[PDB]
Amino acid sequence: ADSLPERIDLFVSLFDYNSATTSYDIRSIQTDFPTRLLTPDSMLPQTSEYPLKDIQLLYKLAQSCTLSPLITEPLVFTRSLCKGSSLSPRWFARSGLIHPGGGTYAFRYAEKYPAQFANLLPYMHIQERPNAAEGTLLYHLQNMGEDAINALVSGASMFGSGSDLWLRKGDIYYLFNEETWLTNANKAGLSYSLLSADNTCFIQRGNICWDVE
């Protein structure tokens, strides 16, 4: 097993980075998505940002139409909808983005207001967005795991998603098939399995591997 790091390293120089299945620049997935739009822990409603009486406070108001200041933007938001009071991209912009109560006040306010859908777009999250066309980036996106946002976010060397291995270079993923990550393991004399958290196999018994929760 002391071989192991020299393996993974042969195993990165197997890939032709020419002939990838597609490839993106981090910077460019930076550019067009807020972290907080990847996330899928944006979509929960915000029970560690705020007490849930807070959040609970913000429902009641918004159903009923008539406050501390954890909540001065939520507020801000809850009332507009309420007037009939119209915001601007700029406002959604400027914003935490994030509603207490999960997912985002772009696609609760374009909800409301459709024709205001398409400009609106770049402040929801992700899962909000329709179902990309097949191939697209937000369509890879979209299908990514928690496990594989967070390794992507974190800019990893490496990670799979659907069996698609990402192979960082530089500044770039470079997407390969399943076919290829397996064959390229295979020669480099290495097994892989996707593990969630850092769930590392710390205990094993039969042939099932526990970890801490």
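Throughout, rigid core stands for the largest set of C-alpha atoms superposing within 1.5 Å between the two forms. Numbering follows the first chain given and starts at 1. What changes on going to the form deposited in another entry:
- With the rigid core aligned between these two forms, the listed residues 148, 158, 55, 37 include just one Cα displaced by at least 2 Å, namely that of 55.
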Given for the second form:
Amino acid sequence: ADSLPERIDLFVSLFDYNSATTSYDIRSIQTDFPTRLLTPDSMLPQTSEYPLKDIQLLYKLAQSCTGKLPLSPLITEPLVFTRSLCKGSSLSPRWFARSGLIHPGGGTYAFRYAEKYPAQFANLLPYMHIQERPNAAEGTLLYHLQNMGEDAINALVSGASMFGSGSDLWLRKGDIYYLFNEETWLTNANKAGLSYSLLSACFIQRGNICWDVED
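Any chance you could show the form deposited in another entry after that form deposited in one PDB entry?
One chain, no partners, no other molecules: that is all that follows.
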């Protein structure tokens, strides 16, 4: 009776793709932005991935440039990085490009290297998290990316047929995303007889229960 799928099909067909001013090729986003530089969880400490005391040994070495070396093989690459910063040795862009990008403490090797050597910041930008790069100018892809929340990023990474970021609608046609503003979204939604909302926040989910702190 409600015919939601036909209504969504009508809604997507009402947009003027060719005349959108802003559009992005998905395959280019993929090539320019490795996924781990987009997802917000990369910015947090990576405790689920390494043994705690090996991380403890690595942090102490980072902070004092002396201490017992961690033995674990998971630590080899972060240890290479930590020794280089202690010893003042250079790391080529090729090193960052063949690394896992993400430092155990959260954020990127490239970003931490360039906090020590700002002369290399521009050169190392393609290996930094989008949340580590400078605030981008209005209208640019980096701008939209930096101001997407976690749900919008995930939809983007997943190639979703549409998603909402900020007040913008992103609509996938073929392998391109076309952007439309809030007012166009509403008018076409109304013409298809539809209402919409962005997915509600759920901080920790267990079954169908959304948990939060009382305060």
